[PDB]
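Let me begin by presenting the structure, written as C-alpha cells, before commenting on it.
Selected chains only, in their assembly positions.
For clarity, chains are labelled A and B in written order, and residue numbers in each chain start from 1.
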C-alpha cells in the first residue's frame, strides 16, 4: 500500500527534528521509494511498457504522461542510492533536507495513480 | 568512516524507549552499520591476502581467518539487511527490530576483534 508508506513518511517529517526522527524519516523514504517505483512498474507493464529498473520506470512514467517531466525524481533515485552511506551523518542531513520535496512527489504520484 | 561511531549510533537508538520512530531509526542504523561492517571485513581480508567480492564472502572469510567466531547469526544478519528494503510492511519492521540487540552484540564483538 503505497498510500500507507507515504503516510508514514509524512508522519516522520511532521515531528520536530532530532537525529532519531531524521534517521526514521530516511528509513521511511527508503521503503517508500522502493514501493513507488515498483508501483510505477506495475502500472507501466499494463500499457505494455518495460521497467525492470527505477530509472526506466521513472522515464516511462514521464512518457505515458503519467507524471510530469520532473527531474527531481531522478534526483530522488540518487538519494535512495546515497542512503547506503548514511554512516556519514553530514550526508544523512543532506538527504533529510530533501525529504519534504520527496513527499510532495509521492503524494502527486498517488493522485495521478488513481 | 568509523565503524565504532556507527555502532554507537545504533546503540544509542536501542537504549531508547521504543516507538515507531525510534524503531525505524534503529533499523536505519542497522543498515549502514552492517554495510560498514562487511566493507570493514573486506578490507581486513584483503590485507590478509584473501578476497571477498560479496558480504557473504566477507563474512565466511572472517570465519576462516578467525576475525569472527563461527556464528551462524551473522549470516542471518545479512538476510535481515536485505529485508530492510521491504519495511513498508510494519510486521516485518517489528521482526527486524527485535533482532537488533543481537545484531549489536555481533558488531561490538567485531570491534573488539579488530583492534588486536
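One rule holds for everything that comes next: a residue touches a chain if its C-beta (ideal position, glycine included) is under 8 Å from a C-beta of that chain, and two chains touch if they have at least 3 such contacts.
Chemist: We see 2 chains here; how many are in the full complex?
Modeler: Number of identical chains in the whole complex: 4.
In this text, only the chains that are shown with their structure count from here on.
Chemist: State, to the nearest whole Å, the distance from the C-alpha centre of subunit A to the C-alpha centre of subunit B.
Modeler: 25
Chemist: Under the definition above, what is the set of subunit A residues touching subunit B in their complex?
Modeler: It comes out as residues 1-2, 4-5, 8, 11-12, 15, 19-24, 26-28, 30-32, 34-35, 83-88.
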